[PDB]
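What follows is the residue order along each chain.
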Amino acid sequence: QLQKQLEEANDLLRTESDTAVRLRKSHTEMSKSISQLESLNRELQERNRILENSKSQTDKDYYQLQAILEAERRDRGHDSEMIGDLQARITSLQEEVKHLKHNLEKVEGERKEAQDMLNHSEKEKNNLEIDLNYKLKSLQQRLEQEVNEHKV
Amino acid sequence: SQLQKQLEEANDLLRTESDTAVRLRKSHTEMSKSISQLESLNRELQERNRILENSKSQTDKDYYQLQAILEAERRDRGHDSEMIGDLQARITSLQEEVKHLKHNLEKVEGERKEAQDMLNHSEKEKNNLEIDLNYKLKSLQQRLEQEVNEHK
Numbered sequence: 542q543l544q545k546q547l548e549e550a551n552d553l554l555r556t557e558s559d560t561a562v563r564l565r566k567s568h569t570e571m572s573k574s575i576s577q578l579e580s581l582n583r584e585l586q587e588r589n590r591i592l593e594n595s596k597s598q599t600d601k602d603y604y605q606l607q608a609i610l611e612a613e614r615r616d617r618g619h620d621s622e623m624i625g626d627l628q629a630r631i632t633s634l635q636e637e638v639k640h641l642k643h644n645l646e647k648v649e650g651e652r653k654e655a656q657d658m659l660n661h662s663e664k665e666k667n668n669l670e671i672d673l674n675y676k677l678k679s680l681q682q683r684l685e686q687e688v689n690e691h692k693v
Numbered sequence: 541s542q543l544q545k546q547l548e549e550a551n552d553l554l555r556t557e558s559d560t561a562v563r564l565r566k567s568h569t570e571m572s573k574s575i576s577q578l579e580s581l582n583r584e585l586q587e588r589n590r591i592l593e594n595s596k597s598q599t600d601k602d603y604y605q606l607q608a609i610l611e612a613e614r615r616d617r618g619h620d621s622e623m624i625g626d627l628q629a630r631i632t633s634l635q636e637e638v639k640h641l642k643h644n645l646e647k648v649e650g651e652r653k654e655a656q657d658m659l660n661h662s663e664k665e666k667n668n669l670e671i672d673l674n675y676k677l678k679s680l681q682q683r684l685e686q687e688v689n690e691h692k
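These protein sequence lines map, in sequence, to chains A and B.
Position 59 of the first sequence, counting from 1, maps to 600 under the authors' numbering, and the rest follow consecutively.
Position 48 of the second sequence, counting from 1, maps to 588 under the authors' numbering, and the rest follow consecutively.
This is chain A alone, in the form it adopts within the complex:
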């Protein structure tokens, strides 16, 4: 009868106030978890902020070494210009040497011919002087030998 109807509402009202205790326990554990998670996510957010700046710093250091590389290259470039100009100057000097040598030779040849002509002129003139000297004296001797023939 009703004794079986209240013995039911008994077991039911029990499990209800029972599972209400379990829900309250459920909810105090989820309060505790979401609070520890809010304090953890705060940490991961900060390690990330740090990572980011870290990576951005690594970038700057890379770029900075590139800038140094591109300056080196700019200098190695001036060395190649310089080497090029020394080589060109060398080439020019060499052909100048060649040319001057060839001129030396030629002028040296012309000096020789000149000296040959000079020598011949001097010898020819010398022969003349030697000849005239003896012959003129030979005239003066022949006249002397007549004068002195009758000197008493």
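Calculated directly from the structure, the hints in this document are not laboratory data.
Backbone N, C-alpha and C fix where the C-beta goes; we use that ideal spot for every residue, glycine too.
Mixed in with the good hints there might be a few duds.
Claimed, not checked - Just some of the chain A residues that point at chain B, by a computed CB distance under 10 Å: (1) 542; (2) 575; (3) 592; (4) 593; (5) 603; (6) 614; (7) 620; (8) 621; (9) 658; (10) 661; (11) 670; (12) 671; (13) 677; (14) 688; (15) 690.
Fit chain B to the given chain A structure using the hints.
Here is chain B on its own, set in the frame of chain A:
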């Protein structure tokens, strides 16, 4: 009809209770959404970190490659500098060979000129001598033979 009011309490409570059992079933589904979205953000945040750490690490590797390019290419500058010195030496030798040839050419051409002058003096001295004597001998000879003939 007094206990009928007690069944108005119970009825009314089994509705306020059946109602907060539905506000819960909804609350819990709204929370299992948040938590699912947090899991999302969390996998995303973890992804960025991974990419960050990887991009950062590839940059470190590239940095060391870059440094190696600097060292390698800086050897080719030690050689460039040794060359510039050698070509600078080859150039001073040549500038001297030129200085010396230019000198020799000036002298050898001086010698030529002088030999040409001496030759012109020499020919002039001789031909003046020959001309003068020729004239003086003519008169002396004629007048002697004016007499050698007036003998007969």
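Exercise. Looking back at the numbered hints, which does the structure fail to meet, lowest number first?
Worked result: Violated hints: 1, 12, 14 and 15; rest satisfied.
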